[PDB]
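Asker: So you can see what is in the structure, the chains are spelled out below.
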Amino acid sequence: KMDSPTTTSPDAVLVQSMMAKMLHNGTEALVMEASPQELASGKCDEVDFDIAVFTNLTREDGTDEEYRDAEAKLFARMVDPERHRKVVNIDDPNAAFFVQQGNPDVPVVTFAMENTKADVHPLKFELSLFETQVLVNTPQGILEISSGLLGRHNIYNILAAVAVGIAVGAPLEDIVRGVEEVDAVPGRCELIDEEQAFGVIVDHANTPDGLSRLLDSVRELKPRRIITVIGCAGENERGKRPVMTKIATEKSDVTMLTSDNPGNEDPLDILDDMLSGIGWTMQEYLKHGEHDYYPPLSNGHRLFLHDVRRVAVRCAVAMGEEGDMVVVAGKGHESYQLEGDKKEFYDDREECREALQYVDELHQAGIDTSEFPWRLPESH
Amino acid sequence: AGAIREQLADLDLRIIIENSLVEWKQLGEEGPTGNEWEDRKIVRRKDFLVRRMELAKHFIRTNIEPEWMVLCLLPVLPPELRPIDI
Amino acid sequence: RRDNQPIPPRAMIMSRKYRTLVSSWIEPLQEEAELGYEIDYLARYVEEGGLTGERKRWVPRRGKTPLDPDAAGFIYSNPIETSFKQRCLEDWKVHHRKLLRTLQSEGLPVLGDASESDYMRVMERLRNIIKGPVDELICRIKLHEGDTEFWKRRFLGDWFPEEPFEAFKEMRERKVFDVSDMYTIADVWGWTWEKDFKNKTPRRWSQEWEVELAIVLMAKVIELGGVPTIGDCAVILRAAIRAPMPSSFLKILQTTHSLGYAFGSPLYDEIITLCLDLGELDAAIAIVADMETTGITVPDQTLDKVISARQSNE
Numbered sequence: 001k002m003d004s005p006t007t008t009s010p011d012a013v014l015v016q017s018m019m020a021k022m023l024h025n026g027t028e029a030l031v032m033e034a035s036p037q038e039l040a041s042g043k044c045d046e047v048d049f050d051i052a053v054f055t056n057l058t059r060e061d062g063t064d065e066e067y068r069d070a071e072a073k074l075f076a077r078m079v080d081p082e083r084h085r086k087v088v089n090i091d092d093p094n095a096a097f098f099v100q101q102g103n104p105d106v107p108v109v110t111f112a113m114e115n116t117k118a119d120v121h122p123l124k125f126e127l128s129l130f131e132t133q134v135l136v137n138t139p140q141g142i143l144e145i146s147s148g149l150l151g152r153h154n155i156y157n158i159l160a161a162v163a164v165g166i167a168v169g170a171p172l173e174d175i176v177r178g179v180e181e182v183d184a185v186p187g188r189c190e191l192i193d194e195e196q197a198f199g200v201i202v203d204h205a206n207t208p209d210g211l212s213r214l215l216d217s218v219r220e221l222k223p224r225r226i227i228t229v230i231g232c233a234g235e236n237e238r239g240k241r242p243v244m245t246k247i248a249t250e251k252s253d254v255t256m257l258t259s260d261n262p263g264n265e266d267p268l269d270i271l272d273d274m275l276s277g278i279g280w281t282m283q284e285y286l287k288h289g290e291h292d293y294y295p296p297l298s299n300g301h302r303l304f305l306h307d308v309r310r311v312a313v314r315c316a317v318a319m320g321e322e323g324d325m326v327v328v329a330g331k332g333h334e335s336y337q338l339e340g341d342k343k344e345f346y347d348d349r350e351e352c353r354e355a356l357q358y359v360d361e362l363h364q365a366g367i368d369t370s371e372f373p374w375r376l377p378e379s380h
Numbered sequence: 381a382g383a384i385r386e387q388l389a390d391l392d393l394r395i396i397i398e399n400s401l402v403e404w405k406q407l408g409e410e411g412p413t414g415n416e417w418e419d420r421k422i423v424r425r426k427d428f429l430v431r432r433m434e435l436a437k438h439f440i441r442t443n444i445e446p447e448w449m450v451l452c453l454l455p456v457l458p459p460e461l462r463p464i465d466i
Numbered sequence: 467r468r469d470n471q472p473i474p475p476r477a478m479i480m481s482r483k484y485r486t487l488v489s490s491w492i493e494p495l496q497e498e499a500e501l502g503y504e505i506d507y508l509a510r511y512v513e514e515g516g517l518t519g520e521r522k523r524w525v526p527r528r529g530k531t532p533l534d535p536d537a538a539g540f541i542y543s544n545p546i547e548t549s550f551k552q553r554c555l556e557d558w559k560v561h562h563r564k565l566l567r568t569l570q571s572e573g574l575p576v577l578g579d580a581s582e583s584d585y586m587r588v589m590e591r592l593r594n595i596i597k598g599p600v601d602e603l604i605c606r607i608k609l610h611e612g613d614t615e616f617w618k619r620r621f622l623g624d625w626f627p628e629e630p631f632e633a634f635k636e637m638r639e640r641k642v643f644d645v646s647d648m649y650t651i652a653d654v655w656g657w658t659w660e661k662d663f664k665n666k667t668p669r670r671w672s673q674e675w676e677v678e679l680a681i682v683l684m685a686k687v688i689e690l691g692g693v694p695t696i697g698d699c700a701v702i703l704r705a706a707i708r709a710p711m712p713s714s715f716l717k718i719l720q721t722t723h724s725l726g727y728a729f730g731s732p733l734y735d736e737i738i739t740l741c742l743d744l745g746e747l748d749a750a751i752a753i754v755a756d757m758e759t760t761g762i763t764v765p766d767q768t769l770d771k772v773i774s775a776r777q778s779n780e
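Chains as they are written, first to last, in my numbering: chain G, 1 to 380; chain U, 381 to 466; chain P, 467 to 780.
Certain hints may be false.
[Said to hold, decoys possible] In silico PhoX-like cross-links for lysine-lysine, where the CA-CA straight-line distance does not exceed 25 Å:
id	chain 1	residue 1	chain 2	residue 2
1	P	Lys-608	P	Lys-664
2	P	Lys-530	G	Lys-246
3	P	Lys-530	G	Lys-287
4	U	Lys-421	P	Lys-597
5	P	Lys-641	P	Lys-618
6	P	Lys-597	P	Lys-641
7	G	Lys-287	G	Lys-342
8	P	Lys-483	P	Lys-686
9	P	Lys-771	P	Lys-551
10	P	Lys-551	U	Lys-437
11	P	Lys-597	P	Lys-564
12	G	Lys-222	G	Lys-246
13	U	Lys-405	P	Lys-641
14	P	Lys-597	U	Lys-405
15	G	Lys-1	G	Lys-343
16	G	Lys-124	G	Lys-73
17	G	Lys-287	P	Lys-597
18	U	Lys-405	P	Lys-717
19	P	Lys-618	P	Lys-635
20	P	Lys-551	P	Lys-530
21	P	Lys-522	G	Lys-287
22	U	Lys-405	U	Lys-426
23	P	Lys-559	P	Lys-661
24	P	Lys-641	P	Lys-551
25	G	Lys-287	U	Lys-405
26	G	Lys-246	P	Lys-666
27	U	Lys-426	P	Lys-661
28	P	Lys-559	P	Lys-608
29	G	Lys-287	U	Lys-437
30	U	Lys-426	P	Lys-559
31	P	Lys-618	U	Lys-405
32	P	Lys-661	P	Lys-564
33	P	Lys-608	P	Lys-661
34	U	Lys-426	P	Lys-564
35	P	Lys-551	P	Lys-664
36	G	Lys-21	G	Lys-43
37	P	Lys-635	P	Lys-551
38	U	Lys-405	P	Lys-686
39	U	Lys-405	P	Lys-564
In short, the hints are calculated from the structure, not lab data.
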């Protein structure tokens with residue numbers, strides 16, 4: 001790895017600097033997320049792109065058609081019609097618009113779940129809480145994959161990956177090794193599985209659209225229950241806090257409100273804004289805490305909040321039975337918990353990793369970690 | 381004493397008045413019990429509740445925090461007043 | 467209203483669950499109403515400066531500042547929340563509790579013409595009326611609380627006499643106490659109205675009575691500039707549903723619609739059914755008549771059956 005300043009889009013002159021550095025060490029292939037603002041701002045001006053891949057356009061991230069042609073500048077870079085290649089996703093209606101951009105004579109490899117006319121299409125796919133198995137019909141031949149990426153929202157990526165291999169003419173066997181090798185992208189629906197009966201998902205979703213898209217993207221995995229750990233940043237985008245709770249409490253059976261990045265704001269105050277989405281208040285929640293019984297919601301779902309982040313993600317892990325699913329959100333790969341002004345080192349992957357390690361010892365000690373009011377052997 | 385100090389800080393003095401009053405009202409609702417010992421204890425509890433709410437009513441009308449009954453700093457007498465027992 | 471003094475915003479303090487004083491006393495206490503449409507908590511968060519400005523957060527914080535905004539400036543706290551039904555019970559309990567004490571003090575002479583056995587009969591009912599989940603002789607038990615003249619008559623009729631009545635005689639001749647010193651605040655200040663406010667049997671709480679008071683002051687709050695919320699109209703309407711009382715449905719809705727409030731369609735389905743479930747099609751036509759004039763779309767489920775019920779009587 002390395003630690004160049006990851007402050008939005010780096011300076012255009014600075015961007016090309018490490019491209020010399022990687023080439024100085026002898027790097028052969030280069031790949032990077034073609035951020036819509038990055039190429040629009042002109043950061044990638046002298047970058048000699050070779051393979052263009054268009055995942056999908058939803059515009060949920062401004063303009064409507066100008067945003068479309070803003071992404072088209074990536075394919076407008078494509079002047080060479082015989083050497084470099086294009087990759088598009090037919091399922092997106094804008095693919096026809098994108099393929100017209102640049103030189104029309106460039107070879108194009110087409111992938112999609114539907115439109116069986118595509119070069120690569122899934123003949124048969126299965127969704128499981130721990131892996132996804134898909135049979136894809138490449139032009140060269142039928143290929144079978146089974147990776148740790150969960151949900152159909154990443155089948156696009158899997159279909160794109162094999163399609164890119166066809167574009168560069170990669171052998172079918174070698175494509176299997178590359179796809180199979182990747183099993184956990186940090187913070188992007190990452191599955192952390194310490195050989196337990198229910199998977200743990202770490203995701204970077206913090207927006208109402210991202211969380212809602214994620215939660216219904218895990219219901220298709222056919223889980224027994226969904227457990228969510230969601231937080232919000234302090235003193236920033238405070239208008240989304242009630243929305244997150246409303247979405248989580250509906251999609252998920254059990255929700256775990258927590259402090260994501262309290263900053264200078266009080267962690268309990270942030271949770272109070274969250275409870276406003278369901279009409280609850282922090283005072284009302286603590287009153288139920290006195291009675292050691294948190295009532296279920298109107299739909300029958302559970303809402304368990306705890307301000308302390310470390311004791312919350314670990315607690316949610318112990319709350320999962322066989323077939324359930326626990327998803328954490330708001331952090332992803334960011335390994336820091338912003339409390340006040342200090343950025344305390346906090347990584348959710350380590351939390352879920354350790355919680356799964358010692359959850360069995362908690363159960364073997366007679367601790368009933370099914371609902372939030374844990375029933376110890378000496379209780380009541 | 382840390383348990384006591386935090387418990388004193390956590391006290392909802394408004395709530396203490398409310399639930400003590402209704403509990404005190406409830407005790408007198410039954411009235412006599414026919415047993416001297418039981419009537420002896422019902423008087424003690426009622427006077428305890430009255431003393432409790434009276435203590436609470438004084439705290440919120442003044443600037444005295446109940447946490448101060450559990451001190452974390454100990455004042456020291458000036459040396460002149462304790463020449464060379466205490 | 468007599469002094470044309472508008473209701474201050476402090477009086478119309480917006481409590482949690484969005485129920486002002488116009489409906490805060492109804493039986494569901496601190497409970498949300500039953501609007502047909504689902505609540506819009508996101509809008510409530512937006513309107514309470516929740517985006518960037520500030521929000522009144524209900525986090526209980528350590529200290530002696532009362533969290534409840536209604537407790538601001540009382541001195542100790544707000545009076546403990548009690549419903550109108552609960553308040554009626556306490557008055558009902560305390561009035562009979564006073565009757566028992568007066569009955570216990572004399573027993574036979576207060577009854578006068580009753581027998582000793584009847585004295586126990588008028589006690590068990592009084593005992594049962596209190597803490598409870600016939601010749602009704604209790605009507606002659608007259609309480610004289612605040613009646614200064616009554617107590618003066620009973621006062622009139624080295625060591626003070628053992629007999630309390632004779633002791634009263636000793637005080638008057640010894641100038642310790644006399645009727646001239648026997649007075650209260652009411653009579654010296656000419657509180658004539660105070661006489662007819664204490665020695666009366668309280669009316670037991672009735673649901674039909676509660677909504678009558680609910681609609682009476684809701685109009686009065688309107689006349690004084692107060693604006694009851696949408697939740698307030700729903701709660702008083704629901705109280706008008708628990709007891710049937712179909713007559714008050716029309717006057718509730720027109721006042722509700724006068725403020726621009728529009729109930730949800732499923733609630734409108736529920737109310738129209740109740741207005742002909744028990745066979746009260748009279749006044750069950752005006753409910754759907756004026757609501758169309760105000761601009762509320764009646765669901766076809768009710769429209770088809772109310773028209774079908776219209777031709778049923780024909």
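Asker: Hints numbered earlier in the text: which of these fail when held up against the supplied structure?
Answerer: The structure breaks hints 2, 6, 7, 9, 10, 13, 16, 17, 18, 20, 24, 26, 27, 31, 37, 38; every other hint is satisfied.
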